[PDB]
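Inspection log for the structure reproduced underneath, given as structure tokens.
Every protein chain but one is kept in place in this view of the complex.
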């Protein structure tokens, strides 16, 4: 391969031989695009005039009141689609095109991805077929409406992989997060790296100083790593990832394999996972289905291994509260998934009010979708 | 008064004497703020880092394919709240503050405004009470959640006016559109004028030439006039307003008083209205409740009188189609209200494909709210 | 217009205040209202305050009684037919008087026997068209003078007004404003309270409308008889 399919001991390409050529072709197509000023130009242009980039950096001044910590917010919810997802999905599509693809393959549980793919497909004109199980509504319609072809997850991931296996010549696979087999993990990060880059330049302007720490929820790690990336080299600023603790780690009904899983081999990669005592892959509970990935990004497992990044957790109630709080004090409705992250920042300041800290959480999306449930 | 409460023969301050001092105070507070570089600074700043401004100008390239007309789109849906409303609501709030107000009064039918007010109230910390009737859901919760105090329209407008009448000393009234009595019509335009200003600069960049025409739907005229304003002096570019034709003008079940109403006196203003043969105010049908205002902006009635602006109409089916079309060809879901406007542009090009025209419609909002119905 | 003048004449020659009871036209329905007014009148009422479709419920009530803007002018004539002296006031909103021409309306008013008209939504700052058209057809344009009043507002209502002022009492007099009429009167105490206060009389708004809705199923009149009688007696001196 051209790139390093491994982040420490996490990563690899654990997929049937049949899919290796597909993957090899993809890394070649990516390494090429990566250096093409044109590809960049379009992607950048598309991000700009269609998606909405750059995203604003709102500075919360009400919730922090009473404490000595300033909370900045990265408005990934002010982006077309209302979620960071509709970001890398474009670059992948552009990639699919550069490769000569005429169709897109994807899957989803809630539909958040099924939409991004659909919306990205429609604009770029690509035949897109999404895979959904029983969790299958407002998006099924949303997806179909957008031309998409609606057809657990680990299972839904197989069907997808199966399909692609025999068709990759024309159809391309759109991984939903920064997980899966190489070079996906590396691809989705690059197509989500502007988030941190913008965050850096922005904060540098508003406070001529880098943040103390940057919090970001983690379902697969795509949004998290998107924010982290450009700050890795900046040792001063800390990186905090937040996994869904569900009803509580000590209850077993949670979703934080990164810190309570156990490295295994599935999803074409080698990283921490939610599995039984003898190797059976399991689920990951959380109020926000947008965070039900029973695994995590290999670069996240590695970043935490060398202690470069700290990963904490947050239960349902914690997020549910941080959710209502944002509404009432900032007039912003965050995604139950995004809450988790913001919910940790609150605790961070609440526990040490006299503590002077300038942190910024990543708001990966709006909460309009979780309004029904949170209700 | 300091300003001109009249646009030709349309306008005025037809409200009980009791409310005159309130109005007089408001115009004074506005004329003052208008020239305060600070007030501007904040408003601008708030618009920027909180709401999302500037809004992108997406250039549709798929729907126009097959014809000689380029369709540009003003992404008012990429704004916090997913509608142009969450724009003037801020400046009004800032105004309320500058005046010393601690509470906000408002009303709504669907809730679109009730939210903007709520969201604007919360951020600026103002006690807000919205008035709703029976049409009263996802927003009632959305509103309450945001601290708002949930309590027809012409009727709902009275209750509101009644309240304010005896309390204006502390509470301020937040008109929902560019209608009502002076200086509201003039106020809401100024707090919605950046839309066109941005549109001008943007198009001037993308095509170093002003648009041929600018389409915008009209429920009250706030979004329309927001887009029109900065182009009025530009005689070359045409201004097209689109009122909801409902089931069809010839059916009586429509909502276009501007061109099929009859000047009357209500809502504290003198302009076209939906009334019976002997003066009784009526309703205005349309699939999009966000366009059920039985009247219109006096400056719109005047602009059309001197023939400066052209106003057309569009039925439900027309919008319903222009709706699904945007989804499938641009991956964008527009508001059923915004459809109407875009639905006219389509017809404009469909009828004369060989016709070379560069027009831009105003997308006042996302369609996520109308997804249930359109379904 | 001169009707009010007359009323404030004999009323003074008796050192007593005026008691004008308000009510919605054709509220209960039509024949009942035509009666309520009859009673209100012989009950003691000096003037009249008829509104065209609590007060809210009054409208809702009337409405559900098929009361078109034409059905009232019928009553207005009928009423005037039996009572040529009692002054009649009309409460309206711009659109109604604006609907089919401003003058046409006022002209129709002089035709039925209306004396004064007050447009609830027409401030002194936008009454010109209504003022002139009213004067032209010999109709007293009544303007409301609220609490948050001014000096200029006080001067405007005293100059533009006529028939009577809808309520200071010293300045309104100093300015020469038509006999001010105070209008939260529900008890005889307030009636005499105003008279002594300086007001040429008082008006009982919804106050009487209630008595009509608290007996909707019991054609009430006796209650109006007394209620008014009382109120009236309180004005005497």
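Going by the order they are written in, the chains are A, B and C; count residues from 1 in each one.
Operating definition for what follows: contacts are C-beta pairs under 8 Å (C-beta built on N, C-alpha and C of every residue); 3 or more make two chains touch, one makes a residue touch a chain.
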Shown chains touched by the chain that is not drawn here: A
Touching the absent chain when the full complex is considered, from A:16, A:100, A:248 or A:252: A:16
Among A:268, A:297, A:298 or A:331, residue touching the chain not depicted: A:268
In chain A, positions touching the absent partner: 12-18, 20-21, 264-266, 268, 270, 273, 275, 278-279, 281
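To be clear about the criterion, only the chains that are shown with their structure count from here on.
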Centre-to-centre distance between chain C and chain A (centres being mean Cα positions), rounded to whole Å: 70
CA centroid of chain B to CA centroid of chain C, Å: 40
Cα-centroid distance, chain A relative to chain B, in whole angstrom: 36
Sequence positions of chain B contacting 2 or more other chains: none
